[PDB]
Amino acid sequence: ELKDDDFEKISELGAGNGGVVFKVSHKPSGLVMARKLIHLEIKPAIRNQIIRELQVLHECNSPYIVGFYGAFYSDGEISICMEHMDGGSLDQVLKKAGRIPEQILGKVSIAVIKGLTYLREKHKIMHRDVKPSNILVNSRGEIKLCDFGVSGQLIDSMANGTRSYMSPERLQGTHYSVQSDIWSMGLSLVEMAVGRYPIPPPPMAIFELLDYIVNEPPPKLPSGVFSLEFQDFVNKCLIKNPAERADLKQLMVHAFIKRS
């Protein structure tokens, strides 16, 4: 259904480690979509795997997950086509917005945790990559998650900087899982709250950095400037220990979101 020649570059939405994304127009349909090119030097068998595994994204419908239209391969570059969210990613919003208010972070948290639990229950997958830039917003006030790990093979093929939102345990070994996403969210809401990457507490090299998050105490929210309920919420996400750390059920019925 989706083909390379059937598209038309409109503008460029942004870029990261391994992917470029364009605001594009799907001629046959008129739909404005976001198209993500991932450059992969890869053999036909696996190139087909990744595509085959991306089909699952047709079954990912939630108001908390970014819509998916199709995926295909075109000249050394794999394509994922998705809902264009005309507000961009929270990392952008933060840059232009200085710091994001506690009340809004509240709406954001609701969405992220609803999004995570949907991917867990209905599809049995962890997100693996939650952080401000993988949470998209749109003018209809929607707040959706993208770039979650639906395809093992694509994670593989992409085995290949500054900030990390990876959990202490994921940083330390392969002994991690869905609990790891919670830490990410924790860290992301702290970032967006204060307007700055919260490590170290208010220019740091890779080991300094990575060593801080695994050996030094977790970041906390500034005091007095944020409700005690926001504090406890973040605090329960950022607990070094995966088992002690809040799980998805517990955060759903936490005070902070209840207030939200």
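Numbering follows the first chain given and starts at 1. Rigid core (definition): largest C-alpha set, two forms, superposition within 1.5 Å. First, how it differs from the form deposited in another entry.
- When both forms sit on the same rigid core, the CA shifts between the two forms reach 2 angstroms or more only at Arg170 out of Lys107, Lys131, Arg170, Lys114.
- After superposition on the rigid core, displacement of the C-alpha of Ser151 between the two forms amounts to 2 Å or more.
- After superposition on the rigid core, the Cα of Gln49 moves by 2 Å or more between the two forms.
- For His58, a C-alpha deviation of 2 angstroms or more is recorded between the two forms after rigid-core alignment.
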Contents of the next structure:
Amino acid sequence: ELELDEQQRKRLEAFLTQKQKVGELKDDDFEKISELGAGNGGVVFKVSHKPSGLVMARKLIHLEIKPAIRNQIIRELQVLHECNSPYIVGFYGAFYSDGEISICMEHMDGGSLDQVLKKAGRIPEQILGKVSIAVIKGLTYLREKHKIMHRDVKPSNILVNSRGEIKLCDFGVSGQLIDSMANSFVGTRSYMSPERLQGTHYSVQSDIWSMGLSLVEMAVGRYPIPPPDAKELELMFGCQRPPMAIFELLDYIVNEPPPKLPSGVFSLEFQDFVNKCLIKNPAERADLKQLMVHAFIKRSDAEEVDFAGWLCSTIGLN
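One more: the block was the form deposited in one PDB entry; return the form deposited in another entry.
Lone chain follows.
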């Protein structure tokens, strides 16, 4: 389940290979082709890197970095956003220029699943099965090798390509950066509690909920709170005042039953899978190991799904 198949191992070595061959990244070596999407602190562009001729994704975060910490922050960006997993998007490098931090990444040609959701209307179960595996494995990797974080996965944080790969975005860079800046000084210090430095406030559990929710979102084709009543259901699915504001949604999430998949239209194991994710008490909610052996995942792992053909057809790639 967990270690890499040699095709995976090769694809990774092959990226790392290229990365060292790219040389030093600077702004006037990039030619902007199009906008891929909007990040929290800025915009992700598809760009060609003039020297190597490589196509990349370049996330531009408009953010002022004091000279005294200018690198050291960056040192840590490199350290924090360079991964070596099939389930995390490839990292080329990161640089600063004129109040812009640039993060250069592997270009995923299929885009994010929020865009793909719009193209498709709904993403089918078997497809989400393979998405789940990927997210679970990515989050596993991030947790073993990188972080103590709230990682709350949205469809906009999941990337796909025409090779049929599914990878997490390198998401939440802006929050990370401001936090980094908040925790650096002259001389080295920290006012963070011991409790917070082994960072188990941030158990995997919160990540799982968000994933659960993303899965229902993608499966039914809309943000799932407030749930859709029976009117909507039969219509969406063939017989299986409104816009609440934010204070209300937040209380709804805390105080109301968790959203869930409609019956009949989705397999029992999928329904159970997401129910495990959305158990409201995080003591009782599934953890990542639990999900990796859940019925849905076992079945999905064995299914031969033509992910890449589904995707290309959905978004019109070729």
